[PDB]
Each structure stands twice: as structure tokens, then as C-alpha cells.
Amino acid sequence: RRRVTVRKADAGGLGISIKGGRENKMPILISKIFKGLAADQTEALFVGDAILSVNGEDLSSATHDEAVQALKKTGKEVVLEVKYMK
Amino acid sequence: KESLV
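Sequence lines, in order, name chains A and B.
If you read the first sequence in the entry's author numbering, its first letter stands for residue 1, the second for the next number, and so on.
If you read the second sequence in the entry's author numbering, its first letter stands for residue 3, the second for the next number, and so on.
Hints are computed from structural coordinates only; laboratory data are not their basis.
It is possible that some hints are incorrect.
[Claimed, not checked] Here are the simulated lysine-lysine pairs, PhoX-like style, with alpha carbons at most 20 angstroms apart:
1. A:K83 x A:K19
2. A:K8 x A:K35
3. A:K25 x A:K86
4. A:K72 x B:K3
5. A:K73 x A:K8
6. A:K73 x B:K3
7. A:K83 x A:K25
8. B:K3 x A:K25
9. A:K8 x A:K72
10. A:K19 x A:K86
11. A:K35 x A:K19
12. A:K35 x A:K72
13. A:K83 x A:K32
14. A:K72 x A:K19
15. B:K3 x A:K83
16. B:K3 x A:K32
17. A:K19 x B:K3
18. A:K8 x A:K76
[Said to hold, decoys possible] What the simulated footprint calls covered on chain A by chain B, stretch by stretch (three residues with Cβ under 8 angstroms from a Cβ of chain B suffice, anywhere in the stretch; the number is not a length):
19. 6-18
20. 29-37
21. 68-78
Ideal placement from N, C-alpha and C gives every residue a C-beta, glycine not left out.
When you get a sec, could you build the whole thing from the sequences and use the hints?
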């Protein structure tokens with residue numbers, strides 16, 4: 001497992017394309033970490049990261065839409081629990 | 003599903 005915190009601000013966008021969906025047994029796995037962005041500029045948000053919780057939101061029982069909704073309206077610090085699949 | 007936040 002893993003734990004990454006992406007602070008908002010800076011640039012603005014989060015740069016992060018998650019790929020998966022609770023309708024296919026997939027803990028929302030990142031497939032594209034845009035560069036020059038919070039996720040790719042926090043030395044942790046790297047592709048192959050199955051998120052299971054965003055800001056204390058256990059996404060394990062959430063669909064790909066419930067996971068992107070949190071990343072869309074995150075708080076000052078985007079604490080994202082990740083399951084690296086390297 | 004491939005979104006982009």
C-alpha cells in the first residue's frame with residue numbers, strides 16, 4: 001500500500017488521469033500522471049497508483065465516478081491513499 | 003473509465 005498527499009494550489013489543475021471502476025473490480029488505478037502538476041510534482045502521485053481513499057473517503061466501495069468527484073473537490077491537502085501496483 | 007482531474 002502507499003500514502004500520498006497532494007497540496008492544492010500551484011498551477012491549479014491536479015494533472016492526473018485515473019483508470020478503473022468499481023464495476024470491474026479495480027481500486028481506481030492511475031494510468032496517466034500529467035507532468036508540471038500537483039500529483040506529478042509531489043514526488044508520489046505516480047501512475048500505477050490504485051487509490052482506495054481520498055481525504056478520508058474510503059473509495060474501496062466507490063465507483064470511478066465517486067473517486068474523481070473527490071479529486072475534483074478536494075480540500076487544502078489532497079490526502080490520497082494509494083495502492084502502488086509496480 | 004479514464005478521467006483527468
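Hints and how they fare:
no.	hint	in the structure
1	A:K83 x A:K19	holds (13 angstroms)
2	A:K8 x A:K35	holds (15 angstroms)
3	A:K25 x A:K86	holds (18 angstroms)
4	A:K72 x B:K3	holds (15 angstroms)
5	A:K73 x A:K8	holds (10 angstroms)
6	A:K73 x B:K3	holds (19 angstroms)
7	A:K83 x A:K25	holds (14 angstroms)
8	B:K3 x A:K25	holds (13 angstroms)
9	A:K8 x A:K72	holds (11 angstroms)
10	A:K19 x A:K86	holds (15 angstroms)
11	A:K35 x A:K19	holds (17 angstroms)
12	A:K35 x A:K72	holds (18 angstroms)
13	A:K83 x A:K32	holds (15 angstroms)
14	A:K72 x A:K19	holds (15 angstroms)
15	B:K3 x A:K83	holds (18 angstroms)
16	B:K3 x A:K32	holds (12 angstroms)
17	A:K19 x B:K3	holds (5 angstroms)
18	A:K8 x A:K76	holds (6 angstroms)
19	6-18	holds (count 5)
20	29-37	holds (count 3)
21	68-78	holds (count 3)
In the structure shown, no violation is registered for any of the earlier numbered hints.
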